[PDB]
Amino acid sequence: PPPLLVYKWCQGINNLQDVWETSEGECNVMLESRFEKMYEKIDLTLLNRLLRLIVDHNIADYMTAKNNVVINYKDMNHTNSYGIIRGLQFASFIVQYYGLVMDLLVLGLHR
Amino acid sequence: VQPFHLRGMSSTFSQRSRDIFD
Amino acid sequence: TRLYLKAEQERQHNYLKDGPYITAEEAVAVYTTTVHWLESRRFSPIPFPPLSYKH
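Chain order of the listed sequences is A, B and C.
To convert, take the position in the first sequence, counting from 1, and add 946; that gives PDB author numbering.
To convert, take the position in the second sequence, counting from 1, and add 76; that gives PDB author numbering.
To convert, take the position in the third sequence, counting from 1, and add 779; that gives PDB author numbering.
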């Protein structure tokens, strides 16, 4: 559960090699942030190209093909072409894989 | 196989997609 | 709801008009980055379930 995540994060902050020693001018930095518009700024063609590495290509074509459909509200019809449909079943995979691509950009490959 | 090429696209948008995504 | 629908229908047509907002070089960068990461871990791709996966 997420409070156990918080508890293990606090234990990981505690158990580093000499983490609270500041006799020689060391510093600790805690960044917390949010990826703004992560759900709306996923291009579907780039998503298909990144998705064909891990599954069969018909599966990736089915996952990309569901996102390109018409959304309706009672009088209003418009097609979707940019950003994923977040309310799908399998969309819980799509956010977790694409955000993995962010970890290769932030954290670096070596680290 | 046989890449997706979204339903939608106009002429120049297809040209830009074929340029940057191939 | 109607105002957000009018905003979404406008921004999707703006994406269709202005072209893709991503460049090709950044796409090649993230694609080769994903290729190097998945080849560094020896990831085997997920197969299609043929006739009887027994799960």
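No wet-lab data here; the hints were simulated from the structure.
The reader is advised that the hints may include incorrect statements.
[Said to hold, decoys possible] In silico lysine-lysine, PhoX-like type, Cα no more than 20 Å apart, as pairs:
1) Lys833(C) / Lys983(A)
2) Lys796(C) / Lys1020(A)
3) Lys796(C) / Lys987(A)
[As the list claims (entries may be wrong)] Covered by chain C, per the in silico footprint, the following chain A stretches (three or more residues, Cβ under 8 Å):
4) 968-976
5) 997-1007
6) 1025-1033
Don't be surprised by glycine CBs; every beta carbon is placed ideally from N, CA and C.
Status of each hint after checking the structure:
no.	hint	result
1	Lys833(C) / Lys983(A)	violated, 40 Å
2	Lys796(C) / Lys1020(A)	violated, 26 Å
3	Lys796(C) / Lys987(A)	holds, 16 Å
4	968-976	violated (count 0)
5	997-1007	holds (count 6)
6	1025-1033	holds (count 4)
Violated hints, listed in ascending order, are 1, 2, 4; each of the other numbered hints is respected by the structure.
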